[PDB]
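Visitor: Given these sequences and hints, build the entire structure.
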Amino acid sequence: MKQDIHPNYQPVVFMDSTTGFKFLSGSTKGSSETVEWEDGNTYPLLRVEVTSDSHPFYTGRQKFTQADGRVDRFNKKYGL
Amino acid sequence: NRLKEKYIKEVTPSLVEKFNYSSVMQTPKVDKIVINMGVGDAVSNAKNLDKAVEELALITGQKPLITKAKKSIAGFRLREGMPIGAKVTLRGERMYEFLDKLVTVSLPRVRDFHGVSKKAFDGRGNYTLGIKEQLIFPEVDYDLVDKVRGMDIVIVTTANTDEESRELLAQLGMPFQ
Amino acid sequence: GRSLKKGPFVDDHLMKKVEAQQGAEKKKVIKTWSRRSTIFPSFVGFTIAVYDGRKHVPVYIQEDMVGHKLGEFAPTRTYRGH
Amino acid sequence: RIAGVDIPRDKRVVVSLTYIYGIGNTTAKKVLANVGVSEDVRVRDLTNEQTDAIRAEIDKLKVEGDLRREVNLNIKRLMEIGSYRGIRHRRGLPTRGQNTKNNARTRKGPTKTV
RNA sequence: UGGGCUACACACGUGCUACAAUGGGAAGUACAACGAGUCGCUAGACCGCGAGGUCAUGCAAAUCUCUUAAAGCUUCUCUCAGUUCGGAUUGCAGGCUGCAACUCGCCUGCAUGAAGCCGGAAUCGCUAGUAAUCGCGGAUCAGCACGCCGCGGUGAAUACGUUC
RNA sequence: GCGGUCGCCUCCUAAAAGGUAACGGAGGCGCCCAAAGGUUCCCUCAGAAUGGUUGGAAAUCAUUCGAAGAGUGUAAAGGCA
Ligand SMILES: [K+]
Ligand SMILES: [K+]
Ligand SMILES: [K+]
Ligand SMILES: [K+]
Ligand SMILES: [K+]
Ligand SMILES: [K+]
Ligand SMILES: [K+]
Ligand SMILES: [K+]
Ligand SMILES: [Mg+2]
Ligand SMILES: [Mg+2]
Ligand SMILES: [Mg+2]
Ligand SMILES: [Mg+2]
Ligand SMILES: [Mg+2]
Ligand SMILES: [Mg+2]
Ligand SMILES: [Mg+2]
Ligand SMILES: [Mg+2]
Ligand SMILES: [Mg+2]
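Chains as they are written, first to last, in UniProt numbering: chain A, 1 to 80; chain B, 2 to 178; chain C, 2 to 83; chain D, 3 to 116.
Treat the hints loosely; a few may be bogus.
[Unchecked claim] Not everything, but these chain D residues come out facing chain C in the computed CB check (under 10 Å):
# : residue
1 : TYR86
2 : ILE89
3 : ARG93
4 : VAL116
[Stated by the list, open to error] With a straight-line Cα cutoff of 25 Å, these simulated DSS-like cross-link-like pairs (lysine-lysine) come out:
# : chain 1 : residue 1 : chain 2 : residue 2
5 : C       : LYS6      : A       : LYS77
6 : D       : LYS78     : A       : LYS76
7 : B       : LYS52     : A       : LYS2
Think of the hints as simulated: they come from the structure by calculation, not from any bench. Note that beta-carbon positions come from the ideal geometry of N, C-alpha and C, so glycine has one too.
Guide: Here it is in structure tokens:
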């Protein structure tokens, strides 16, 4: 890689906030927070709310209710 | 390095088993990843391409090569050599790192993300994903974008068949529909 | 809107007709002048020829249509444009 | 910021919340009552903890893309069943029964002199 | 019986609401008049965020009710922003009246938040308790007015002059 | 007489060396380039299919197929991967 022409790159850890699952990868962005890491090495830490494990599709279960049908709505409203 | 680790450990033996490879050399591998951002707006204003290039560099960690129109086209007001479109090539560690980031972070942040296409294969074992909008990558900062844009990521592998390609991408993690 | 205590409204004759045809293998068009009558889950799956002021227009009833008055599904006046 | 929209910073918290789609002034008052946050303090002043509590309440509420998708499904539903309201929606005319000989400019759009 | 008179590329008349700080919002506090009322006006209480609902009271009425009017005044807040202006359109959920509210009623809550930054040529009303502005009542009327009839509150500017 | 032509370059006429006429059939020139020259090093095209945000027949990207069907400042012939 040519020198002084590429955006700064630094290794960084990632923790899924919702579940805590951890994965180490490089990125351009830097996080003031830093955490240790196996092999006894510290890296800036980027907390992410949603990851592959967190995302419902990967797990195989979906949170969404999928809404209600109008027949059922009518019965609920009118007690029928 | 996580994705390379995952590949070599789980993915490589699993593909060997499924596809009954005589030697591990036959194992398909992600050969390279080419992220291409076609910017026709540069003709109206080159700074659109400039900012697009900057965003792409932030996303990729490598300065992009500014591809130029090989042919002048009056239909798009395009003169030959006009610097429209950029690309970046990632191999080895950078390739694996970017791919893992795409799987984990950039993909979920897509609006109403229903997964990735399962037919966008050339027919040779090489896939492409069309990202409609940026701001899904953490490095875009959701504000620096003056004009939102998209891109095309081309995953070129050593697989001969879309089937082996599909299994490899799934193993590395690909939200196929 | 219609008071909840009052409950849904439907013309008695229309309701009696749909009731009589409930145990029907194949539904036959029910012709009604009653625009007012509300659609019901029972109405689902029936074809109803609603008078529009000059003729009875057939409409196929579905669970998606229920909860609305019949007359709304049959337009009265036609406007092609100018 | 809070629900995926960067609310104005200087304004008072209730007004800044209203800037979120799906949230009006009454809803802002209600969520602030739940969180205990005072209405007068500006959002820039609001501590990160108060902002987190406000995020919890909004996430409890339906807003932004979720709300917009719900309404568009309703309108799509009317059009697909071919109801009178659906036809009104499709042709851009008043659905609620207003007379269309005059006015109706909001649905119709700008006047066409022809 | 149902539909139409309620249509809708467009043109005009008459009005209502605005475009904001002489304002918007919140709280407190004060002052009217004309009129209506029997299955009608409805007190008071309770439930409801509200529209309203339940019980229930007085009054065929200078006795009871509609009916503590709104602008106003006093504090607080907003700080010139297509906004805390504007309230159209739209979604959902309700309240009534009525056999029935889709065509096609009024009203409520939540959500949305349109044009509109004071308006070309031209044109209208008004000389004082008037214009301007603020409400209140009533006729029609099951329900339904920005219209009509009437009432009061606050309350100006200007008239040199008769050439046009 | 009117019209056309007058010098130079390329093709056909031209009869497999060269040359060869007609008011025979076709076109070009009166320049351009400071690199579009020299050299060392390096590279190989046009199109087609498949896949792919804006993006459309056709902009940029990827694989495969592709011996030249491209390009070679400028006419044509000869030549050049
Ligand atoms: K109408
Ligand atoms: K008019
Ligand atoms: K007229
Ligand atoms: K009016
Ligand atoms: K004030
Ligand atoms: K109606
Ligand atoms: K009335
Ligand atoms: K050179
Ligand atoms: Mg809002
Ligand atoms: Mg009407
Ligand atoms: Mg009429
Ligand atoms: Mg202004
Ligand atoms: Mg006079
Ligand atoms: Mg007065
Ligand atoms: Mg010869
Ligand atoms: Mg010879
Ligand atoms: Mg050359």
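Visitor: With reference to the structure, classify each hint as holding or not holding.
Guide: Here's how the hints hold up against the structure:
Interface hint status for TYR86 of chain D: upheld, as the beta-carbon distance to the closest one in chain C is roughly 5 Å, under 10 Å. Checking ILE89 of chain D against chain C by beta carbon gives a least distance of about 7 Å; that is within 10 Å, so the hint holds. A distance limit of 10 Å between C-beta atoms decides the matter here; for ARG93 of chain D the minimum to chain C is near 9 Å, and the interface restraint holds. Hint status for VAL116 of chain D: holds, given a least beta-carbon distance of 9 Å to chain C, under 10 Å.
Between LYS6 of chain C and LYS77 of chain A the CA atoms are separated by roughly 10 Å; this keeps the pair inside 25 Å, and the hint holds. With a C-alpha separation of about 23 Å, the suggested pair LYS78 of chain D and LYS76 of chain A falls inside the 25 Å cut-off, and the hint holds. For the hint pairing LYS52 of chain B with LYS2 of chain A, the CA-to-CA distance comes to about 22 Å; that is within 25 Å, so the pair holds.
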